[PDB]
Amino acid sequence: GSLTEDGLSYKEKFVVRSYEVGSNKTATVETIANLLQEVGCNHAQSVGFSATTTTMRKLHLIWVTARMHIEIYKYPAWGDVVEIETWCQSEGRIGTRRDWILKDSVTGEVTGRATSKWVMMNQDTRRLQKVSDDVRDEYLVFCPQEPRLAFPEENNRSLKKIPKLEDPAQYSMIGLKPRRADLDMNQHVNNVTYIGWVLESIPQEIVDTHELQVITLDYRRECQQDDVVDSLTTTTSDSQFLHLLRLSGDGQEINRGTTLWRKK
């Protein structure tokens, strides 16, 4: 992978692995999300980060995901090369945004796109807070100045309000717990695991006859290593579902989302 000519975006090629594909012999949405995260990490490393900036390290601040939105037109097959371009942009004092474009390396055609909203948080107290002047200044030298959006459309899917699922849920998968492979290098549950947990409550017949086209996920609270999660789904409709992840015990909400599936 490498930064592009202007140094304002980053590109990387990936060959799809045997264990990375599902029943269709194409990359799962969890493999796609892992590839987005990997290209995002390689971009941060190439521009001097050791995700945190120098000012963030002094104030004990970290970037946390608030929203992830992914749209896939074609899933790459096992053995195929996918090229991913990523860039980041400041959104005033609200937070930051990271976008991606997925392309088939052979045809050069756009096969997917993604956008994510990130908010600033004190790592110890877990208190949100807004973006300061000092942080925006040392971030803007690595971001395009004019707006560059993976989802430019006025009033688009990536910026829609998501309602809270009402009990009873149509479908559910209960007692979901993270294992050590679900944790990152800081022993926190990886963001991609929540996508998998959301999808666990979709029935196997929908998965067998449909392909996931769009997934929008809001992150409300982090799931600890010793937490247990219940995954809830209701059909709202192509097939659309409304999703809710909550702690098995007290019912504390960890995520809410929507998925849109196309018939094969």
The other form holds:
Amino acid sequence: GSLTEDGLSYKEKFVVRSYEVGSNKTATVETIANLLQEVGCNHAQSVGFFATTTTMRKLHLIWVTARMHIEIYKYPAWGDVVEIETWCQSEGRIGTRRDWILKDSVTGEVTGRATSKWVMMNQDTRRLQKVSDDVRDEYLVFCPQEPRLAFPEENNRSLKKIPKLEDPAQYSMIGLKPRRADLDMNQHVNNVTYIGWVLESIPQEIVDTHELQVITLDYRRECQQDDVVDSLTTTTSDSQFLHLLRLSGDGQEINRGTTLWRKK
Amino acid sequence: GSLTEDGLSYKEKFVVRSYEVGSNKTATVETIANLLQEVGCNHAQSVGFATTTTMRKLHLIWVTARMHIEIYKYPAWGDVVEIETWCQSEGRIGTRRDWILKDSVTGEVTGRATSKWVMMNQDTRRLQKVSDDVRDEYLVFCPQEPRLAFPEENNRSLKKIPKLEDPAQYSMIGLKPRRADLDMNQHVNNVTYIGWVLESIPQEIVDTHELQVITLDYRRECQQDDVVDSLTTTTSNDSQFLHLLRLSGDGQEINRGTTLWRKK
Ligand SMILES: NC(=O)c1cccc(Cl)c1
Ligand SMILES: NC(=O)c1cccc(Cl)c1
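Starting from the form solved without ligand WCE, produce the coordinates for the form deposited with ligand WCE bound.
Time for the whole complex; same chain goes first.
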């Protein structure tokens, strides 16, 4: 992988692996999400970087995902080369946004796009906060100054408010627990695991006859290593679904989301 | 990746990804096992394939009976690991796939693995010896003189594994596969069983030791709607364990294995 000519974005090529594909012999949305995370990590490493600035480490501040939005037009087949370009943009004091463009390496056509919102949090107390002047100054030199959006369209799917699923849910998958492969190097549950858990409550018949086109996921709270999750889904309609992940016992919300599926 | 000069083995280089590492910032044994499977798939594709012409006609497949992996050094995040793989016929019993892992920079062997595969009818699940017609079709892709990753006289790769007796010292109850655990054929990936074995190892061992050796027997599959119990008993500065995976209800065995851990 490499930073582009202007040093304001990063590109990387990936060959889709045999274990990364589903029953359609194309990459799962979880493989795509893992690759987006990997190209995001290589971008931070290439520019001097958890990927925190000098002041953030001193104050015990980290970047945490508030929302992930992914739209796939074509899932790459096993053996195909996919190229991903990623960049960051400051959204003032609210936080930052990381965006991605996925392309077929052979045709150069855009096969997908993603956008994510990140907020600053104290890693010990878990308290959110606006981004400081000094912290902003440290990372602004790595972001394009004019807006560059993967989802430019006014009133698009990436910024829509998501409601809370009401009981009873139409479908459910209960007792989901993370295993050691679900944890990252910091012993926290990988953000991609939550996408898998959302997808667990989609009926098999939808998975078999439809392809996932859009997934928007809000992150409210973490699932700890010893927590148990219930995944809930209700059809709101192409097929559209409303999703809710909550802790198995008290019913404490961890995530909410929506999916849009297209008939094959 | 590429077949070597003589066309009897295959080599591939892999850069270790951010999500592929554990708490030590080096590749998990499940990442290693996934890579072994990937280089095995690319080898079969490069030589014309994962069944021969006669196998497809008779509805016969290759299934893993045993996997044995020994790691001397786990590659760090960002490191390049090179893996060489080859197959050998073991007469009518079946075949063996072997692997050598090396650090690309030093050329030092950092790991090795060996696996035994048997022929099974896809539909009835009945095993069978390898016929001459099938043998003739794949023998041209194997070295004729023996080439063993584990040449040693009384090495760990061929030791008989006993059945863990109740009560187990440790256990992890109610493990269930999710859609990311399935391969393109909708069967549970062989690497998931390694993860489930490791689930019953106490955290203190994972935190202070490194896994050196894992030997795993495969007896029966876990189906998409099955629930598994992972059982471990210490059999021993090195720690050794006896492992058993069984179906949560009737206690039907699916796997048995052993692990050897060395203090960090
Ligand atoms: N991790 C960061 O602070 C950050 C901010 C902007 C661009 C990049 Cl590459 C990284
Ligand atoms: N899949 C096979 O039958 C096989 C047998 C020997 C070598 C290789 Cl590369 C493949």
